[PDB]
Amino acid sequence: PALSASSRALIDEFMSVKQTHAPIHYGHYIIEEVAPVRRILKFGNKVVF
Amino acid sequence: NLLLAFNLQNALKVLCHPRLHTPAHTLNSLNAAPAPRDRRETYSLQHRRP
Amino acid sequence: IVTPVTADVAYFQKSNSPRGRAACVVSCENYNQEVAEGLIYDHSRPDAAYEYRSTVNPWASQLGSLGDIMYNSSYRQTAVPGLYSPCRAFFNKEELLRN
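Top to bottom, those sequences are chains A, G and P.
When you read off a place in the first sequence, starting at 1, and then add 1332, the result is the number in the entry's author numbering.
When you read off a place in the second sequence, starting at 1, and then add 444, the result is the number in the entry's author numbering.
When you read off a place in the third sequence, starting at 1, and then add 1184, the result is the number in the entry's author numbering.
These aren't lab readings, by the way, just hints derived from the structure by calculation.
We put the CB at the ideal spot given by N, CA and C, even for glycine.
Hints may be right or wrong, so weigh each one.
Taking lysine-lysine pairs in the DSS-like style, the calculated list, with each CA pair at most 27 Å apart, reads [unchecked claim]:
{"#": "1", "chain 1": "P", "residue 1": "1198", "chain 2": "A", "residue 2": "1374"}
{"#": "2", "chain 1": "A", "residue 1": "1378", "chain 2": "P", "residue 2": "1277"}
{"#": "3", "chain 1": "P", "residue 1": "1198", "chain 2": "P", "residue 2": "1277"}
{"#": "4", "chain 1": "A", "residue 1": "1350", "chain 2": "P", "residue 2": "1198"}
If you want the ones that stay clear, here's a sample from chain P, every Cβ over 12 Å from chain G, calculated [said to hold, decoys possible]:
{"#": "5", "residue": "1239"}
{"#": "6", "residue": "1247"}
{"#": "7", "residue": "1270"}
Here are some chain A residues pointing at chain P (derived, C-beta under 8 Å) [to be verified]:
{"#": "8", "residue": "1340"}
{"#": "9", "residue": "1375"}
{"#": "10", "residue": "1376"}
Using the sequences and the hints given, assemble the complete structure.
Next comes the structure, spelled out in structure tokens:
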């Protein structure tokens, strides 16, 4: 599964706190990506692995 | 790391091809099935003429 | 450069071009005149970055747009004003195909 969401809000929360991000909000939903390649993301200066 | 979007407009190039809208392939598959349904149904199949 | 208010802010956190369409310097074509001009001006295709829309503003990414009118003339050293506009490096049609 690739990294997907239902809003920009959950994406910009996923970069905020990786260990405490809410995978399921009220109606929206976000999927953290598991993959053989652990691709790195840059949204300004906050980064996750 | 570009935040792309996937709305229905990108889906429109697949959800509007008539191959997705024809039942001829799935009915050709189901009629050519070696073991069809065990039970059938009779009520409200078609419209009967008064 | 003047823009609509509906250009998303998620466009601007990346290092994108100040006009709409990201001018692919060689990823259009090497030595052609209708693919570079195609992938710079003609909005019939979306740009290489964001395939879900053609431009992020139609007041600068078009050929006859405001961002081409008030900025892109041919740069001359002997211009009588002679001031430097920093956004002229993104709009010069000669410089956009100088690479």
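Comparing the hints with the structure gives:
1. P/1198 / A/1374: 9 Å, holds
2. A/1378 / P/1277: 36 Å, violated
3. P/1198 / P/1277: Cα-Cα ~24 Å, so holds.
4. A/1350 / P/1198: 21 Å, holds
5. 1239: 15 Å, holds
6. 1247: 25 Å, holds
7. 1270: 24 Å, holds
8. 1340: This interface hint holds because 6 Å falls under the 8 Å limit.
9. 1375: Hint holds; residue 1375 of chain A Cβ to chain P Cβ min 6 Å, cut 8 Å.
10. 1376: Holds - the Cβ of residue 1376 of chain A comes within 8 Å of chain P, reaching about 5 Å at its closest.
The structure is inconsistent with hint 2 alone, although it conforms to all the rest.
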